[PDB]
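Below sits a lone chain in structure tokens, taken as the form deposited without the named molecule.
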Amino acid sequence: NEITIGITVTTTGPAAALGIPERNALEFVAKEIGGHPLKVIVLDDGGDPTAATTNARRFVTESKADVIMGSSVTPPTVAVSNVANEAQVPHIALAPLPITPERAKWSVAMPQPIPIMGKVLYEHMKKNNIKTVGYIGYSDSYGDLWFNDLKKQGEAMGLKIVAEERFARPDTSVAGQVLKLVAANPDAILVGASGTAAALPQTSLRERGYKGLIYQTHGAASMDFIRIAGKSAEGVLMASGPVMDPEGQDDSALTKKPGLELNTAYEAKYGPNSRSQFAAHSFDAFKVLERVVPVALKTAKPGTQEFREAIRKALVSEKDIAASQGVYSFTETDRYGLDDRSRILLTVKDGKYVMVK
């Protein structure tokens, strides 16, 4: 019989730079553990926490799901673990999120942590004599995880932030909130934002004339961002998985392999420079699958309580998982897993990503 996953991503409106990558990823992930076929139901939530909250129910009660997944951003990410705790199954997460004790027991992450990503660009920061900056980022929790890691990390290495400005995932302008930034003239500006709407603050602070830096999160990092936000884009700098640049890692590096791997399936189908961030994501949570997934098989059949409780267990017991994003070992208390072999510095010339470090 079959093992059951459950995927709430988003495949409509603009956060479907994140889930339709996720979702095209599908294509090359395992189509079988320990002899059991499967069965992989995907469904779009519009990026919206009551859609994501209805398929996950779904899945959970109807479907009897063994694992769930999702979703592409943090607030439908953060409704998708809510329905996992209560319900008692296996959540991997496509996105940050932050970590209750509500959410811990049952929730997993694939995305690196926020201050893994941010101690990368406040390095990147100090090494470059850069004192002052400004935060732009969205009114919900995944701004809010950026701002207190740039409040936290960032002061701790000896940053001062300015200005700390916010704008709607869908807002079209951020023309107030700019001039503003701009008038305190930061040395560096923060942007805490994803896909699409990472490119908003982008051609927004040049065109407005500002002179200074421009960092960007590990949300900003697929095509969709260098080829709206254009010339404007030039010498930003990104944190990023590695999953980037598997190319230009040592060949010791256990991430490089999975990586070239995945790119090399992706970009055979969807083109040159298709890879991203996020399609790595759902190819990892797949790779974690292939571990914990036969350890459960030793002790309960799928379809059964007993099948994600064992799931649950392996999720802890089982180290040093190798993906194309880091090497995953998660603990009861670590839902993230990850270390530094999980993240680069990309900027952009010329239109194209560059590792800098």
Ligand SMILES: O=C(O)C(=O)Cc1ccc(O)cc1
Given for the second form:
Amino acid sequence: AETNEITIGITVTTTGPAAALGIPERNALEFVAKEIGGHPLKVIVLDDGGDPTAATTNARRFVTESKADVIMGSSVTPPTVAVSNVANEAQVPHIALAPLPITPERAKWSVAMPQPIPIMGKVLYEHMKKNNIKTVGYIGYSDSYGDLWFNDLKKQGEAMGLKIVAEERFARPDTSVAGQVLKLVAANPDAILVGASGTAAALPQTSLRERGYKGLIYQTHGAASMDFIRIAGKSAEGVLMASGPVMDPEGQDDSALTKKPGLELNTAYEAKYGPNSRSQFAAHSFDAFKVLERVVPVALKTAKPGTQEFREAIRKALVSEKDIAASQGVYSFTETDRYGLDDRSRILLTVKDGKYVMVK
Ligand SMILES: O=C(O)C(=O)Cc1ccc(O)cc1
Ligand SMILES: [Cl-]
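In place of the form deposited without the named molecule, output the structure of the form deposited with the named molecule bound.
Below, the chain from earlier opens the complete complex, with every other chain and molecule after it.
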């Protein structure tokens, strides 16, 4: 029944349009702890292609075939909702690697590593209101992720002095946004917020600049990898982008709790995969293990791996262990706050000379 190993199942997106998010998540697993408390970690990684059906199947294989103590994933919101559904039914701790709406139905067994949308929205809107932005347009996905961002722009953003003059949506698989851009450019808001991720985030970037949009463009943390710059090229110049601090540990003070783990991950990842290969996404899987390094020893005091008692002790340890330092933030979860993050979890980036720079 009980085991020596601690069993962790991970479903991420390493094929399909979101592969650029999952590949680094999987690769970061080379750099995480092999053991916690003397107990070897048995880590089982699967691709879900970003599909909720595959992520549901993967999560179930972990909780039932592997008897996992913890499950992690996925890379994008729709499959992450699916994993949460499974985790909460099976009563297994779930560490999400994409923001998701953490409803009362999902909250008991799920926490999230990515910064919550309102923290990222605030940093972007604050900048807007320092840069003479009065009117704003939105272009984002026609699904839960695009909704969370739009709703935040409407609730938080408007309350900061923004007037929404245009709202357009597109689906993840689309390779053109020409019609939506036509309306947006026509409305000529002072700024446009793009609610998308990966290669799709670069699409409105290029397409708006080539249509002659001159306003400020703002990107979510779903865009925070070099892939965006790769894909957007010269059109990325001057973008403002919400990011976790892992994108610039060098720019942090030594007093920042996030600095050490950011330097650790980035040194390791960039030694194998090359300079400036750091990402938002690699950091979420890395940080999930930093959380495990705090909560697993607590659980090990009172429960044996491979048992429900251990899963329950992990659940309780997630909310008893405070100020968990990781590359993307300092986490303090509660029964009700399943993200656990504050201002230490974000910085604002721009692109100059084809590289990300921290906006001071
Ligand atoms: O595309 C989606 O659904 C996402 O959830 C993307 C995403 C993933 C991780 C982040 O830290 C921020 C955004
Ligand atoms: Cl810690």
